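Protein chains: 2
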Amino acid sequence: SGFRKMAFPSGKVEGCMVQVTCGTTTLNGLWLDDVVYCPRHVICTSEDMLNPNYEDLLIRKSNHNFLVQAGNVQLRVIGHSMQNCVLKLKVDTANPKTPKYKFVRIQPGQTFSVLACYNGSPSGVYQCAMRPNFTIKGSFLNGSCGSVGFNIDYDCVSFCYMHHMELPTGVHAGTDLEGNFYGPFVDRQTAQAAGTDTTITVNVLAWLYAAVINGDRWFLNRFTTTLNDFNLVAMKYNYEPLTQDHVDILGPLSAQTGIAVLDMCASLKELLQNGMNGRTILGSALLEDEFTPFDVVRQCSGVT
Amino acid sequence: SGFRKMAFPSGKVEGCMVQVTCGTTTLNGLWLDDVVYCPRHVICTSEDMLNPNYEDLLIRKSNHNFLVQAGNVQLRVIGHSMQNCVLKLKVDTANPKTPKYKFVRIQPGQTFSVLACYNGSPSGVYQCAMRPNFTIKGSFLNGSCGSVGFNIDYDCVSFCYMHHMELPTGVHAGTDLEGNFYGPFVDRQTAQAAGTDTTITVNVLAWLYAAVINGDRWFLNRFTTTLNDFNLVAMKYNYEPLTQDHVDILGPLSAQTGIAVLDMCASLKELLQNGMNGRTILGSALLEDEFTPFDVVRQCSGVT
Ligand SMILES: Cc1ccncc1NC(=O)C[C@H]1C[C@@H]2C[C@@H]2C1
Ligand SMILES: Cc1ccncc1NC(=O)C[C@H]1C[C@@H]2C[C@@H]2C1
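These protein sequence lines map, in sequence, to chains A and A'. A prime marks a further copy of an entry chain. Numbering of the first sequence is given in the authors' numbering, commencing with residue 1 and proceeding in unit increments. Numbering of the second sequence is given in the authors' numbering, commencing with residue 1 and proceeding in unit increments.
It cannot be assumed that every hint is accurate.
Repeated chains share a single entry, so a pair holds when one copy, or any two copies, can fit it.
[Claimed, not checked] The calculated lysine-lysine pairs, modelled on DSBU-like cross-linking and capped at a C-alpha distance of 35 Å, are:
1. 97 - 137
2. 137 - 100
3. 90 - 102
4. 100 - 90
5. 100 - 61
6. 100 - 88
7. 102 - 61
8. 236 - 102
9. 61 - 97
10. 100 - 236
11. 61 - 137
These are computed hints drawn from the structure, not numbers from a lab.
Take these sequences, add in the hints, and give me the full structure.
See below:
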């Protein structure tokens, strides 16, 4: 009973957080095996950040300029390389707390947990979604760079995000663990505007299924619709187009509740056209889009 | 930038979760030092649960009837006692992962993180608040009993909640770590109705301060009010009465933003009387009450 914005247990990721200092800049690093991963902008000063040439800036840096601290102990840096927008610092010791892990580049609409850190130390954990404009609506202050986004499948941590930037609008930008930014963002102190933040339609539908499962049924109507009819409405309300792929992954939720996917789309259509009328769904007065169909199944079944 | 419903890092609590089985019932236990804490209803069968006499039921249980498993290894039970509604199972081994900890009984309106578990294993972490009717709006399925609520002050874990029940309305009831239930609930399969779930006024004000800090200012008005005037409005909208104590703890937020507490109360008053008019505050279309003034300060400053 009850449905909550739930994050993965953060322990496996806490054991990987370290503090990386280069010159006067301190941010977070992710220590897995004998490698520490961090944003390459750790090598920048405030003047460098305007238009930095990272290859040129990295020439003046040696292994001994990167100070890596795990807890209160210093790690010895025996190598350093730049991969896209991340620096990989080879240390002489494998992290004894290295969990089983993968590096995955997620698609927009996918959710993940963020372990927000400062000075290599965790401050908190929350659940995020890669927005369709490739930004994330996080909670990050100066010093949080290098904090990571992840998912967990039983014992394997899939790292998907590393925090790098705060856009002038207060939304966040970052890379996968190979250093490639999500979206068109560049690691530079230049105004970069975000594109349209559309609603993740499949996630809203998954959350309407979670609501039916947990007792909130007022929004269920006597109507049905078609993919094409629904999508005309979704385009009007800046909702992502729904595909047969999205319908397919909603199948187990559709089967559990006995509510066909297209019927739920018609409920969503009326919710878009008429609003909530001062009512709530799962304690929210708006349509929640940061639960994937997989998150709903996991939470509603108790996967550990 | 950005404000999120953030939970504490869960690692220190994950290292304490174990599985407790008694007869055919399996739930979660909290292993701290050489003691495992769990709900006493682990000794009940489905027939016992209607009107259980726990003292009588515990007479038929010996140390060897309580199966405690931490990971894949079995803990030896050398003692067992009942304290209010929790069982304390003395084991022969201190938990090597025991963090620094305290047991605290929280007041309504206070927030905490829940590490939801099944079979001694973590499934996820979310942020909760002890409602003014002493229930929590969690996300718990059968097998989640024994999951705990906690806060963290640097390295010390303050355990405040242990999950015991799901009321017939889908809201949750439980105890502090001394086994005393929050509210009037009893650990029995009897319909127990909850009282009025009032809104935590001080928390809503703290969240309006978080919104001003993060850029959402549309709700700021040209008005002020008094404690007595505000409270007449708060009573009408089932909001908890605001006291000078609540005003005092909002002081650092009032000082940071330069917005007097009574001015913010007048903004809240107009929000209650006029609604949001289809607008949002920190991505919410309703007034969020599960951030304490302390949570806002912590998040907005980056406390780790
Ligand atoms: C100030 C802050 C708050 C939260 N998250 C991140 C930041 N930092 C930045 O955005 C700095 C950017 C500019 C320079 C190339 C690097 C990234
Ligand atoms: C079924 C479920 C789901 C989520 N959280 C808890 C539960 N379990 C119960 O409520 C059983 C109660 C009755 C018996 C005396 C014990 C507590």
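Here's how the hints hold up against the structure:
no. : hint      : verdict
1   : 97 - 137  : both (29 Å within a copy, 34 Å between copies)
2   : 137 - 100 : both (28 Å within a copy, 33 Å between copies)
3   : 90 - 102  : within (18 Å within a copy, 39 Å between copies)
4   : 100 - 90  : both (19 Å within a copy, 33 Å between copies)
5   : 100 - 61  : within (31 Å within a copy, 40 Å between copies)
6   : 100 - 88  : both (19 Å within a copy, 34 Å between copies)
7   : 102 - 61  : within (29 Å within a copy, 46 Å between copies)
8   : 236 - 102 : neither (38 Å within a copy, 53 Å between copies)
9   : 61 - 97   : within (28 Å within a copy, 39 Å between copies)
10  : 100 - 236 : neither (44 Å within a copy, 54 Å between copies)
11  : 61 - 137  : within (33 Å within a copy, 52 Å between copies)
The structure fails to meet hints 8, 10 from the earlier list, while all remaining hints are met.
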